Amino acid sequence: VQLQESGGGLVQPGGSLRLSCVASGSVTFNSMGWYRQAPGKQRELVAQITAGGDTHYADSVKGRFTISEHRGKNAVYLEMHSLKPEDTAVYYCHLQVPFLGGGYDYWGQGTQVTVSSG
Amino acid sequence: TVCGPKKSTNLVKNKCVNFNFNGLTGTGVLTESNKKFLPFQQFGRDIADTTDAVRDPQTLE
Amino acid sequence: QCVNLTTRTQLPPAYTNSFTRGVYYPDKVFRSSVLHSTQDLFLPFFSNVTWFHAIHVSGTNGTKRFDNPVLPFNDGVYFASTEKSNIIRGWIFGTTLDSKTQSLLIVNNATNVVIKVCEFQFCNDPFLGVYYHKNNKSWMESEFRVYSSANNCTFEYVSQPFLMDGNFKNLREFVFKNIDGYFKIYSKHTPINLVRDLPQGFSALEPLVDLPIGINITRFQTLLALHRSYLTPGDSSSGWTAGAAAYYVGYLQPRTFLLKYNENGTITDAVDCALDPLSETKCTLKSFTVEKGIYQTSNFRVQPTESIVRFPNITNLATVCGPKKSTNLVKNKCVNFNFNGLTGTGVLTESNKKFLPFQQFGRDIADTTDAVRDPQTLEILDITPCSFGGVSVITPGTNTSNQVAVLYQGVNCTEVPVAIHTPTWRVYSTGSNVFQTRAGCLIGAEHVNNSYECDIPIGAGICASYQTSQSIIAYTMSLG
Amino acid sequence: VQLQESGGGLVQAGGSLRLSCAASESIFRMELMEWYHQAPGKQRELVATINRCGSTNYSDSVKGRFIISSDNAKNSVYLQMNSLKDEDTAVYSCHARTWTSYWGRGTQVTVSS
Ligand SMILES: *[C@@H]1O[C@H](CO)[C@@H](O)[C@H](O)[C@H]1NC(C)=O
Ligand SMILES: *[C@@H]1O[C@H](CO)[C@@H](O)[C@H](O)[C@H]1NC(C)=O
Ligand SMILES: *[C@@H]1O[C@H](CO)[C@@H](O)[C@H](O)[C@H]1NC(C)=O
Ligand SMILES: *[C@@H]1O[C@H](CO)[C@@H](O)[C@H](O)[C@H]1NC(C)=O
Ligand SMILES: *[C@@H]1O[C@H](CO)[C@@H](O)[C@H](O)[C@H]1NC(C)=O
Ligand SMILES: *[C@@H]1O[C@H](CO)[C@@H](O)[C@H](O)[C@H]1NC(C)=O
Ligand SMILES: *[C@@H]1O[C@H](CO)[C@@H](O)[C@H](O)[C@H]1NC(C)=O
Ligand SMILES: *[C@@H]1O[C@H](CO)[C@@H](O)[C@H](O)[C@H]1NC(C)=O
Ligand SMILES: *[C@@H]1O[C@H](CO)[C@@H](O)[C@H](O)[C@H]1NC(C)=O
Ligand SMILES: *[C@@H]1O[C@H](CO)[C@@H](O)[C@H](O)[C@H]1NC(C)=O
Ligand SMILES: *[C@@H]1O[C@H](CO)[C@@H](O)[C@H](O)[C@H]1NC(C)=O
Numbered sequence: 002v003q004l005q006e007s008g009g010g011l012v013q014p015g016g017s018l019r020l021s022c023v024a025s026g027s028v029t030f031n032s033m034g035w036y037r038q039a040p041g042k043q044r045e046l047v048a049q050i051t052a053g054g055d056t057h058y059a060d061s062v063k064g065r066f067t068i069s070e071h072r073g074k075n076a077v078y079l080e081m082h083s084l085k086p087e088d089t090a091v092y093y094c095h096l097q098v099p100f101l102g103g104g105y106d107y108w109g110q111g112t113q114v115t116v117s118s119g
Numbered sequence: 523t524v525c526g527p528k529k530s531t532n533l534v535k536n537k538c539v540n541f542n543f544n545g546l547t548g549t550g551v552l553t554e555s556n557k558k559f560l561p562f563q564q565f566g567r568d569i570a571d572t573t574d575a576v577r578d579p580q581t582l583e
Numbered sequence: 014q015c016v017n018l019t020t021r022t023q024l025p026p027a028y029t030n031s032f033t034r035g036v037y038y039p040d041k042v043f044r045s046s047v048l049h050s051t052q053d054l055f056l057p058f059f060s061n062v063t064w065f066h067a068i069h070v071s072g073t074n075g076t077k078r079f080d081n082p083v084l085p086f087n088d089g090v091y092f093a094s095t096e097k098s099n100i101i102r103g104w105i106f107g108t109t110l111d112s113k114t115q116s117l118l119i120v121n122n123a124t125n126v127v128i129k130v131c132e133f134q135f136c137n138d139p140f141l142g143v144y145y146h147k148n149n150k151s152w153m154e155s156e157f158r159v160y161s162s163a164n165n166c167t168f169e170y171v172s173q174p175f176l177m178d184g185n186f187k188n189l190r191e192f193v194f195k196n197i198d199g200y201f202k203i204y205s206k207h208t209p210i211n212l213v214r215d216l217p218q219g220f221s222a223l224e225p226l227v228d229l230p231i232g233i234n235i236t237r238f239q240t241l242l243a244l245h246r247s248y249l250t251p252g253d254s255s256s257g258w259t260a261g262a263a264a265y266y267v268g269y270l271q272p273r274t275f276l277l278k279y280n281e282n283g284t285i286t287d288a289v290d291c292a293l294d295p296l297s298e299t300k301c302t303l304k305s306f307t308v309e310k311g312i313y314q315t316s317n318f319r320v321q322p323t324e325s326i327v328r329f330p331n332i333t334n335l522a523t524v525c526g527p528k529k530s531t532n533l534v535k536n537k538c539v540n541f542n543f544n545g546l547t548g549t550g551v552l553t554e555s556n557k558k559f560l561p562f563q564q565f566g567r568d569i570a571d572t573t574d575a576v577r578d579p580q581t582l583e584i585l586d587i588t589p590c591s592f593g594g595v596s597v598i599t600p601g602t603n604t605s606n607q608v609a610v611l612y613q614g615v616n617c618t619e620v621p622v623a624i625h630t631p632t633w634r635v636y637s638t639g640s641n642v643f644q645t646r647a648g649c650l651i652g653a654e655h656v657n658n659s660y661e662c663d664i665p666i667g668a669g670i671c672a673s674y675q676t689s690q691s692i693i694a695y696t697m698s699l700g
Numbered sequence: 002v003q004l005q006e007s008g009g010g011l012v013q014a015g016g017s018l019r020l021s022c023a024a025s026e027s028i029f030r031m032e033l034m035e036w037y038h039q040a041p042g043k044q045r046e047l048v049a050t051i052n053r054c055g056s057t058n059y060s061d062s063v064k065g066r067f068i069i070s071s072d073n074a075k076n077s078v079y080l081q082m083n084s085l086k087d088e089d090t091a092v093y094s095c096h097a098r099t100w101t102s103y104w105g106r107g108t109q110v111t112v113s114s
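In order, the protein sequence lines correspond to chains F, B, D and I. Numbered per the deposited numbering, the first sequence spans residues 2 to 119. Numbered per the deposited numbering, the second sequence spans residues 523 to 583. Numbered per the deposited numbering, the third sequence spans residues 14 to 178, 184 to 335, 522 to 625, 630 to 676, 689 to 700. Numbered per the deposited numbering, the fourth sequence spans residues 2 to 114.
Here chain F stands alone, though its shape is the one from the complex:
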């Protein structure tokens, strides 16, 4: 259980949205991750923000996605824009809680988002 994350609205190509990681309380982390996965294909690494400020991005999402953090409510936002039918998937946010050096991230809580003209 620990944290929780769901909700999000369907959109059409070229639209905009701001996915938000539900504020689950204060938790220790160093890297907030955003994965995306659709049926018939594997999970793929989309957007990574490090506590220091490193912003890792996949080549397919360059110039369209903006990742940021807000420590007042302890939530990491992903602004998704210039959308195309390739974004029809479920998005998963994974946490960073160190375990034995690092392990058991928290992506299990996800949101379904489909980008289609109808």
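Don't read these hints as lab results, they were simulated from the structure. It is possible that part of the hints are untrue.
Said to hold, decoys possible - When the alpha-carbon atoms are kept at most 30 Å apart in a straight line, the in silico BS3-like pairs for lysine-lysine are as follows:
#, chain 1, residue 1, chain 2, residue 2
1, D, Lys129, F, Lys74
2, B, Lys557, F, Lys74
3, D, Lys206, B, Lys558
4, D, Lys41, D, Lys129
5, B, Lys535, F, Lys74
6, B, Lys537, B, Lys558
7, B, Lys537, D, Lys41
Dock chains B, D and I with the ligands against the given chain F, drawing on the hints supplied.
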């Protein structure tokens, strides 16, 4: 999710209603609280006889 | 595959203290500014914890063997590990550690944690070989050597991200429990410096994972990172500065605890309700600080250490008494007696009450039998309740000192538990010089002839006080 | 705690001796262990003290010749002495304070000079 997940209709606050949160039943007025639950906690009891705080399953408010 | 290493040679243990460590959030409740009393599996305050070095350099020139013995797992384990180079990697849990019984492997290799609950064929010496390059020193090659074969799993966890491989030591503490088929792992991390053993301090442990195992565990093992070459073991420096990284093991035990939650709901202090009299009074008052006076904590009663049965010397399968064997008779000792089916507890003594030839029992108060006649050897013997009383704790204020005295009310103390070899503090040494008073036996305080306006009232004209270095004394009060 | 201490007797001036104040109860909950001495015709005087944390103290005439040790393998406190002289002839005792003070019966140390 597992077994058969049910629905809750809506949620109302600042209003004396009969509430059933995950099987915990009672009557009261529900209000937004500034207490900060630790991530593994479900309900609190500052008085040692009644659970004065509860965590909402849908939204972690 | 698996590679054999040199024999462990059964190195003698070295022990250390566990200064009030290993208190975890027992429940899933939020409390604030509450002193709450709990009962569960905890590591007792000030306990033996056995500590192993990673690589024992037995010879001053250098020995390069691992110290990973198989240790019992009795209702939970507190496992702490201090290291600076990530030398221990994970743990093996099971009952027989073979193909006959399922086992858990929690080791992480370079990439991820690989929680794997399967049927493993474990070899004698598990480890993960990590080799620095002798020339470039840039790539650290890792090769696991844990299990020969793994079959037909019931669980698997993996982690997608990868993790990278002079006194900046770091402390990882874990607690493992097995309850209702759930493997609970609680974890905590803390930086440290210049402390070789467990440092003095307190640290609550936050639940990390509840893994739905549903199997039995009775033994566990530790997996280490082998820095050297087993094919060509070097003379020296092949390991990490003579096996510096270390790990400490202690075993939980069923205990009660007074637990202090602060305003934020973070556990900050704890108290053992079974460690010494002061702590029992703290738990009784339900507060962390106590003021001067005398407090009644608990009750004391002698337990019957044996049983005796006396049945009549006739077969007849009361004369239809069931088939049971009449054992010998003992006297002057609190035993559980069964005379002709009449059961009870007490101390038996020879009695001078002249029984008439036809009478069996004797009763003075009309609800308790005083004397009795034995059916086999017809002798009259009387019955007494062996002992019982209340235990009071004489104490001055918690500012002044943590010395206390204990008074057992209204009992002889030629029979209070003494010479002992669970809070077995009693006395087990007559270095306190107990001395009787009309109020009972007072243990832990000195006798003094001087008289003062007595402060702590004890009884029968005796009062105690704390005097100056300083300790408790008992004296007969003076009126001025 | 049956904190018996063994090793006393007759010594030659400038020698060394070992005492083995050994406790049945674990020394981890002792919270204080010390050594006192009583000379013939003179009142009792402290030798040395070690607490649970690790702080160590000695009296004025103690440093440089005898130090206090304790090995956590057999529960015991150690006070080894070097360069003994006549005035160190005394009866020694070790004291431990868990929740009530515990004393041992001491041992005689005589120095020939
Ligand atoms: C060598 O390995 C075998 C099993 O592969 C084991 O039975 C034996 O005890 C090992 N010998 C040593 C010296 O480790
Ligand atoms: C190195 O020391 C070990 C034990 O300290 C000893 O057994 C060995 O013989 C020594 N080797 C040399 C070359 O001195
Ligand atoms: C670590 O173990 C995992 C287990 O599946 C494996 O996939 C990975 O290749 C390993 N990495 C190593 C040995 O460097
Ligand atoms: C040189 O460094 C690389 C990694 O940077 C390593 O794989 C290789 O084994 C090294 N070669 C030598 C000769 O040390
Ligand atoms: C299931 O696991 C057991 C445990 O060793 C093994 O003997 C058996 O062969 C496994 N069955 C399959 C189909 O893998
Ligand atoms: C495993 O535990 C169960 C209790 O749930 C017990 O009945 C069974 O005998 C145990 N098996 C072994 C091999 O210890
Ligand atoms: C309680 O937590 C808040 C923030 O969560 C912090 O500012 C405050 O200092 C904490 N109180 C104590 C006593 O630690
Ligand atoms: C309690 O202890 C403090 C410091 O040890 C002292 O200043 C104070 O006077 C004491 N109060 C009483 C009532 O003994
Ligand atoms: C009880 O105490 C008295 C001393 O007051 C003693 O004479 C007597 O023997 C004790 N009783 C027993 C059974 O030892
Ligand atoms: C009180 O004095 C008497 C004789 O003066 C002595 O026998 C007794 O032991 C003394 N009491 C204490 C507690 O020292
Ligand atoms: C506890 O530690 C002491 C060392 O202080 C040791 O001698 C003793 O054997 C240990 N006992 C147990 C049960 O581990």
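Hint consistency between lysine 129 of chain D and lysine 74 of chain F [alpha-carbon to alpha-carbon, up to 30 Å]: 36 Å, violated
Keeping to a limit of 30 Å between CA atoms, is the pair of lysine 557 of chain B and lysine 74 of chain F held or broken? 13 Å, holds
Is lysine 537 of chain B close enough to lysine 558 of chain B, meaning Cα to Cα at most 30 Å? Holds, at roughly 23 Å.
For the pair supplied as a hint, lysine 535 of chain B and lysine 74 of chain F, is the alpha-carbon distance within the 30 Å limit? 22 Å, holds
Between the alpha carbons of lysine 537 of chain B and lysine 41 of chain D, is the straight-line distance 30 Å or under? Satisfied, since the Cα-Cα distance of roughly 27 Å is no more than 30 Å.
For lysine 41 of chain D and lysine 129 of chain D, compute the direct alpha-carbon distance and say whether it is at most 30 Å. Satisfied, since the Cα-Cα distance of roughly 27 Å is no more than 30 Å.
Is the hinted pair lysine 206 of chain D and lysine 558 of chain B satisfied, with a Cα-Cα distance of at most 30 Å? Given pair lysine 206 of chain D, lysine 558 of chain B holds - Cα atoms ~20 Å apart, limit 30 Å.
Figure legend: structure checked against the earlier numbered hints; the only hint not met is number 1.
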